[PDB]
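4 protein chains.
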Amino acid sequence: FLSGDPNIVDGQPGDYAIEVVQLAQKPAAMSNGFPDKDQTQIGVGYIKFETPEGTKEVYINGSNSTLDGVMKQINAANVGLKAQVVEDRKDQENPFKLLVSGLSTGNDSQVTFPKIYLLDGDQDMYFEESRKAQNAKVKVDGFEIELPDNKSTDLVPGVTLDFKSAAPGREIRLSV
Amino acid sequence: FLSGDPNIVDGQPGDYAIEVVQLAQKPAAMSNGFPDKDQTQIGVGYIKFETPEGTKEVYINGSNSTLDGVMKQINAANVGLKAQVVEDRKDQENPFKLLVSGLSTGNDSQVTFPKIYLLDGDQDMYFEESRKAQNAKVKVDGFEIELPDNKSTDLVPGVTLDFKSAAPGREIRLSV
Amino acid sequence: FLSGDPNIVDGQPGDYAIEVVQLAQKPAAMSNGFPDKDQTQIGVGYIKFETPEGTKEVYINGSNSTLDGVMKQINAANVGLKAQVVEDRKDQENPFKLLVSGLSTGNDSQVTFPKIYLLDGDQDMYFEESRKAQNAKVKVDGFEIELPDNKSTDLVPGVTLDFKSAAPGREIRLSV
Amino acid sequence: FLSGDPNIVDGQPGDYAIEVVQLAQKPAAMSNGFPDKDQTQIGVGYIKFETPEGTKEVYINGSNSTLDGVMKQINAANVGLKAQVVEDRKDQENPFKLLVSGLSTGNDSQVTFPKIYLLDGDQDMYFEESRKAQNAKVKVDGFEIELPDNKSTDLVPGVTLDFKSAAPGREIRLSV
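As they're listed, the protein sequences go chains P, R, Y and S.
Residues 74 to 85, 93 to 256, numbered by PDB author numbering, are exactly what the first sequence covers, in order.
Residues 74 to 85, 93 to 256, numbered by PDB author numbering, are exactly what the second sequence covers, in order.
Residues 74 to 85, 93 to 256, numbered by PDB author numbering, are exactly what the third sequence covers, in order.
Residues 74 to 85, 93 to 256, numbered by PDB author numbering, are exactly what the fourth sequence covers, in order.
FYI, nobody ran anything at the bench for these hints, they're computed from the structure.
Since no wrong hints were added, every one of them can be taken at face value.
One copy or two, either will do: identical chains are not told apart, so a pair holds if it fits within one copy or between any two.
Pairs of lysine to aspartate or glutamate residues, derived as EDC-like cross-links and limited to a Cα-Cα distance of at most 16 angstroms, are as follows:
#, residue 1, residue 2
1, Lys170, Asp188
2, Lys217, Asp171
3, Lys231, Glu167
4, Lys117, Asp204
5, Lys170, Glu208
6, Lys117, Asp171
7, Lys117, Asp234
8, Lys217, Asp242
9, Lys231, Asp83
10, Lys219, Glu167
11, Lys170, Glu224
12, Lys217, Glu167
13, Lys231, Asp95
14, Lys162, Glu137
15, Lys195, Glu130
With the hints as constraints, model all of the structure from the sequences given.
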């Protein structure tokens, strides 16, 4: 198996034409900005997630409701979510943001973020932005189809393809 | 021989400027979606193809007219067509589609799909989408010309070029 | 020296930001299509070129005024021009075209094609398309400047850069 | 750690989706064109820079106020600026330009060029163009955030990422 561009599509007989239009997308949400990740407290209560495995409510203990504490409690809850704190200089005074993302891509792995219930915080936490889970969009011999993940065993029979990047308008030739 | 980008154009004395605008395209058609590829039967009769080698009619035996059976019978017919079943999550309830493609690219290798004649199926099969065969479009020193295949022995004299991907607006420099 | 993308810019201390907007372009002209390159004769006389080295008139001998003969006579004239015959399937009946290009890029290496004087041909030859010589356009720390060739010793002091492809909007980081 | 495209993002466990929308930009200014870099004198006085470290005034000695002399005096001043002379064929008669750039990227590393005070020059020097310092723009799981530099230790926890090129619309998959 050879890909015309392993940095768009790689894998492990015929002439196969594949275009990666969009990668599959994880559902995700990003907080408003905070001036620090280790002092300003967001309060006590819970954050609600609606997931393919049902409603999940992650309990935020005032003990440690800094952005860092909340990230660690979301990760320790093991509810199909991965949290991290990122720095976004769009607001230089409030650069720190909580990013929470599903672990799976595809329309069927949707996560929503419908409620943050928190009392006594130093500052309001909210998800300023969210993104829905999405399928990959790929073209096979010019036909756009949707895939749940960034891999396929069906497009090139006998090969497992992994999409490495989205490159709309950059059709790649593969051979086997 | 060196290509400025082997993942757009590679091959096996001068300064050669080549842009791959569009890869050469196989003629192809893709079915409507089915809920499965191994149970729902499309019926008995035939599927008609108009090819550069003349009219071809592939006989679909009710014995095995699942999408999988039809794919196997199209391939076994040896009429210049390659069939496979793909999964397209655009319709989650009916994800399975038959993709049928010519083996050759270029305007002169046209295939059309003018008739599906099938009685007693569980569900209607039809080609929801088709694509015409097309030439590659490449620019040599800025002039767009058309090629039948994704290779050339004429653009860089003494070298066989293979186009690995389309990259419109990305002129590549080659040397020999 | 390291380039962030050797397939856009490569070469042989600091942080250097380079974008290749357009490669430098050779002046060139391409004929109308012919049904063959080895039988149909274009006649006797000459083809005129205006070059940076002055007016050049290449004499076409009726002995061999096929597209192939003309290509060989232009090359043998040694007037700063390189000719080849390409196949362009835009007109399937008349696919063969003469491509004539200058050997140098840049605005100062302009070539024009102002006259074809040919009597007794089987078919009219003319330059259906021509292209002017052009400078490369590159951005250095965001400023677009023009270069005569697809190389530079000035952009990154102490290094000779060779532009491998044009990639407008794809700023590359280089280090030394 | 593996990047789907090391020529966009490289570095040194999870599924990480990163798009480099724009590289971080150095503040910079480029002069008008001069016919030479080693004879035409721009005069005596100073060039003013406003920098994050305060107002800096670089003294231009008539002894050597060629574009080359000025470049060398700006570099020898050690005021957070790097100067070089580039050749820009946009004006073939006046191709030589002084490019002066900050050493740091990001909104907080702004440099402006508010005054050139020079008497007795052969020709006027001025900054025909300038560019403000800017943050990198990157998307993490589809959310655009701003970074001061072309690196990050926060996007992929436990890895130092270096952005090698901007590739808007080309989301890259990374793994750890």
